[PDB]
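Every protein chain of the complex appears in place save one, which is left out.
The letters A, B and C name the chains in turn, as written, and every chain counts its residues from 1.
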Amino acid sequence: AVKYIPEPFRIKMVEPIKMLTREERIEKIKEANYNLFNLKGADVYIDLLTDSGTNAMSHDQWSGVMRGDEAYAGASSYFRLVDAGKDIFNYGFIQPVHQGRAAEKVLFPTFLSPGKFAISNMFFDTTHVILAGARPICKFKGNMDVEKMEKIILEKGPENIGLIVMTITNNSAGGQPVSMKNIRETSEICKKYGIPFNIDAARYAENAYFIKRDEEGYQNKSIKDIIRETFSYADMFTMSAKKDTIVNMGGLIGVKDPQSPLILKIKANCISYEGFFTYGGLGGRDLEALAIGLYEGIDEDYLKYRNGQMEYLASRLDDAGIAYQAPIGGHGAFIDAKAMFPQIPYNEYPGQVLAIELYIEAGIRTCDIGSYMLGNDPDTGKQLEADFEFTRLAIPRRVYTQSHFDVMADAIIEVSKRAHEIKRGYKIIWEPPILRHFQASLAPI
Amino acid sequence: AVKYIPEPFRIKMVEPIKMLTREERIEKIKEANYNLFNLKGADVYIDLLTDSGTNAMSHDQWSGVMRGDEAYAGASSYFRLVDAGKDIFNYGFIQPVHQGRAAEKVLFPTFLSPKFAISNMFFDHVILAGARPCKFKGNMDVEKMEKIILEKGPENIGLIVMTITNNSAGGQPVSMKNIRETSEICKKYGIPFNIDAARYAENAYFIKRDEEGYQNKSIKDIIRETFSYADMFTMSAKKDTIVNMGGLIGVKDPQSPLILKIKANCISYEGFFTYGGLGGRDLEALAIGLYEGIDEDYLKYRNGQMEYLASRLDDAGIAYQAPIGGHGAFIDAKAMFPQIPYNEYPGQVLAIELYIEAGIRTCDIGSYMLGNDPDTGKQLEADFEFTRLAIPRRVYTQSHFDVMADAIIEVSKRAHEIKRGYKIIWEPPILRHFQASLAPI
Amino acid sequence: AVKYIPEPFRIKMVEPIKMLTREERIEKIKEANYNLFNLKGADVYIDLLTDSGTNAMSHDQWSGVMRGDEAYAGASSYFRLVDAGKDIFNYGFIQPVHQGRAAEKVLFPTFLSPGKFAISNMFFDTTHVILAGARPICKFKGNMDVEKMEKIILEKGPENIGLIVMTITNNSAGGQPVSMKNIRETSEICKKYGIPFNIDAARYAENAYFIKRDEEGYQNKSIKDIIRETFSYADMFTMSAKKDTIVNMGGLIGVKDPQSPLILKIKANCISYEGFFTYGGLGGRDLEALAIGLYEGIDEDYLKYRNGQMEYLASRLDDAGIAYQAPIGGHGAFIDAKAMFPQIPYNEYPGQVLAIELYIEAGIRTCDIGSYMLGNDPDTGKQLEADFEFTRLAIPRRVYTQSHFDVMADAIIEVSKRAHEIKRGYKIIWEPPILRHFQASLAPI
Partner (left out) sequence: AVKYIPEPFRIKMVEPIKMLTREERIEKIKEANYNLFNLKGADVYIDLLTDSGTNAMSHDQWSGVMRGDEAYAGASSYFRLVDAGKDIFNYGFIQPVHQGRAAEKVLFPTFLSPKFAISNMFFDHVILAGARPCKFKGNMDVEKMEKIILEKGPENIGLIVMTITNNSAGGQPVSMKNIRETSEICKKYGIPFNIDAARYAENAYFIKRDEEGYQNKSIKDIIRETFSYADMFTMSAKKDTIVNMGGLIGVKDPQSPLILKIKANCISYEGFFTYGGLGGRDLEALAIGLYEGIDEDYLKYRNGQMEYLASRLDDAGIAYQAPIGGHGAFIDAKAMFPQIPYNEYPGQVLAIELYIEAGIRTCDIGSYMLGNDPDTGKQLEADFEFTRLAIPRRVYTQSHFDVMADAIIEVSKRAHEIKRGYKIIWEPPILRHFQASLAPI
């Protein structure tokens, strides 16, 4: 096995959880129509459904919550945020926004005229985007296939590609990172063919660690700098802060160039969608927690602990013989449901079978990243077959302990030991035509 | 001669304000290009930009903040907020959203196919039909509305929206009868009826205070009645729910098929529909604030703030937009600066002078605000020139209100000494009033 | 009339209050046996029962509440407190304690050997103390009769007087202050006859203002200094922080001399009564609110507002013809109950008649500072006759508005207009032998 990294903090406030029996948990998931999204938080012991804005802040951040300035125009709480923003990244301009998705709505359009296409390093997407994720063909997976991109900027005109977005770490692979090298190289093609380069930075901090730890020549290099370097190869960044700023709400747009015409556009855009640009849909409370949490997320001791959780969980899973995305990513594990349940074909949803079944085991709450989540064909209506059947364990930051990770690994191993008994997957009782998996009702066969 | 109504509460926590030199303040505004929006809030004493999202909460709301469930799906806080809304409004479906903008963004798409909406608002595919401005001056001109419906053809009227209180008119309330009569014309033509409900409680008190035969009904019943006439409502919670973040959609009929579109629209625009862009803390604060903002003792106090201020303005013969609305005061800036023509911005001079005289931040609701012509760029001549004093809830005391009245009278007295207003130096193409740069002549 | 001084702050959190009818308030006070101390806070609209620890803090103080260090030995929250303490007063040593009464228990004994007597500037007392309060014989009332004291240090031996305590402002007079001059002069006799001088400093800040405002030659002098001067004429101070540090809990002992042998004694004493001397019975939360609130209480803008409340209330009362302690004190007004109810003799308690009757009027809660509070003779058992019948309005800091002060003045004037109708006072149904007024039950005649 491997050793866990003990928390470079101590616990100051706890949220008590009601403990259920398995017979109770069975009733819960049956009452939710076997859709884990219909469970009540109160009935979930370890909630791994997402790492987005479910983190535990510090008593420093809560301190700033009480000091939060709620002024419409010009809150003091706003400058402390932009001052951090300009420090950490060294960008010229920083703009608060309420959600990660709202950062894109504010910025992307100015450069992305309807009809222009942009390439990213992703595998899945909700979207006119061109996906050139480097084939896993393991280390630093989730790079951009710089070759593929470079040729895509020619099969599709150069003055046509609206922009390139490198999201770091790459979510759609499992949180795998991006090499300082894959960033210079993606940068290079961007300056030649004149395309703007944006970094989607939701898990930028976990990414910097993965560089310090793995990319050759960043061993003794400062985390603070490994960040500030990544944001030299980019014209701009958009961010969901709910991730690596260990916060509960917020998003951030930054443009390196202080004089970049985008700035006057972003302010006007923000005023229209979010509100006056010195709170950007964000509260004084949240601006404070976000200017402080920007730095907690960077601290190298916290980054080592956090990487170590993942390492610990992966070691433990190696050791029991369970299949997961081999180089485990920044923020959690992806269990291969089709491997544990070869009896369940894709259309019976092996992902939900594991997810449902892990909840029944220890009140852990996961979600299918597989055929259930993929949905039905937008035109044919027919159920799509996913490349992989994963169930995802997304880990909110600074909230679960080693003891909970043992609750997770162990619950996984228990379903393995009895997987052979579930002879049938699930079937869909009712579903809307769109965002199916959020809403649908299922039953067993 | 009106007397202030004492706060039904005591102060529990304080935000200290650094007091500035009248000398010191002038540098602070010159330094900020004579545009109030550039002032740092720390250099503002009475800050009256908006009543949106600047309210003081209660300790009950804050113990809410500490208990807030941050779960992505199924949080405790969401179910509390849902119950509060179902109970107050007697609707079958209440959707939490992050802003009043988000609630319109999510709800209106369904029926507003690129078709008109008719609104009782007075400025802004919207058609306006507020009555010509006496009580209940936010009322919608029902005769004119029916005229429009037929002139466009019912087909082409997608929804009808009544804003209560009618902000565009100063916070002038809408009669319970006006709603009932608007509802009946919607039903006649098969047109959905939505209430814009940001200041529904101030409107509820106004009905109680002035509509015949409601003197005796409770705010609970008054609110339940006014929403029974509608199909749905959208609202920025940042006003009468006494919070700093929130929006809220309600659909009356529990089986309406509109609900699945709302849920789908929300999942995609804001996030999963059990948080809808809000956090644990804010859904908590919101579920408690819903009831605080409609308390009968609070609303009598809230309306008292406003009666008092107006009473003082009347004692000095100051011309304001009368009767005073539910949430602030609009000072006739042209009434007080005739020497100041529209294109030199009488509303922006009075708002600078109030921040010189007493550290009160206000804004212009006049020529300056409304900027140039879409295609000409020549300064538009606003129909009215005002300076808006927008009062956050439970934040300021009778004393602070006296500072306000005092500053208006004093500026009044020396208004004849200013004979020339201001002039945009720098300006963006759109939205200038927020971020333009001014200077005097 | 006079103008009120508007708050140099704005309201950030409110505590809602349930509003009662007079018929409801009548039921409350009857159910409490006409003892105002038996009322429930929830049934009191404006609670003037004390200004001790009922103040409203700032969002700065609450900010520090969340950052509070709860370490037993050596909390960071303790040094920020002593650092303020040594700044404001310039004393060498500062020691946190839980209550104002606990500061005395910790310090006084070391110097006050059983049998030695000490003189103060007080009128009443719970106590072997000698009281030499300057006869009102109005301005700067509540000085020490330096003459009387000086002769008391001779009728009672000089090497016998354990210490002199000048409490500022003087509570027992009504919050009237102490002149920088009365402090030098009381200091002088203390250095000659070798007696230690302690300042009881519960309302030191209100006192400094009264000096800046009234004592000749302190007009243009800094509040920060007018404090630091007062604590040059003293060997030590004890303090209930619940007063002019705008806090909810805490007490403070300070000794000017850094090398003063008392220090090693105070630490040992504190360890025995309160706990380890780096929290002194105080919580990390409370140490933070107290190090920040030390400075809010000093701010000259807050001191002008606060003095102005009192001035405003007194002006208004002058104007209606109501009798109160003429030079109104730092922290509230004392209404002369015997003057409004000449029908009620002392033994029928005019104080409680007004107090009860003001509650019935507007849910204001006061207390008798008169014959009811004085109690019965410790030996004879017979009801004592007080010098004055006051009912006290003690004003917590930064919690009530001008509108509430109008609620107070006006409720007073209403009982005046109908005082002639109460033909009889109250009688005691049951009382314990000690601290009578806190506990006793009354009825009307």
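Quick note on the criterion: a residue touches a chain if its C-beta (ideal position, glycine included) is under 8 Å from a C-beta of that chain, and two chains touch if they have at least 3 such contacts.
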{"item": "Candidates C:133, C:283 or C:350 - the one touching the absent chain", "value": "C:283"}
{"item": "Omitted-chain contact residue, chosen from A:228, A:265 or A:404", "value": "A:404"}
{"item": "Contact residue for the chain not shown (choose from B:59, B:101, B:144 or B:177)", "value": "B:59"}
{"item": "Interface residues of chain B (partner: the chain not displayed)", "value": "59-60, 62-67"}
{"item": "Hidden partner chain, residues of chain C it touches", "value": "36-44, 47, 49-50, 52-54, 65, 69-76, 79, 98-99, 101, 248-249, 264, 267-268, 271-276, 281, 283-286, 432, 434-435, 438-439"}
{"item": "Footprint left on chain A by the chain that the document does not show", "value": "4-17, 19, 46-47, 56-60, 62, 296, 299, 301-302, 398-404, 406-407"}
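Everything that follows uses one rule, which is that only the chains that are shown with their structure count from here on.
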{"item": "Whole-Å separation of chain centres (CA-atom averages), chain A against chain B", "value": "37"}
{"item": "Euclidean distance of C-alpha centroids - chain A vs chain C, Å", "value": "57"}
{"item": "Residues of chain C touching at least two other chains", "value": "59-60, 62"}
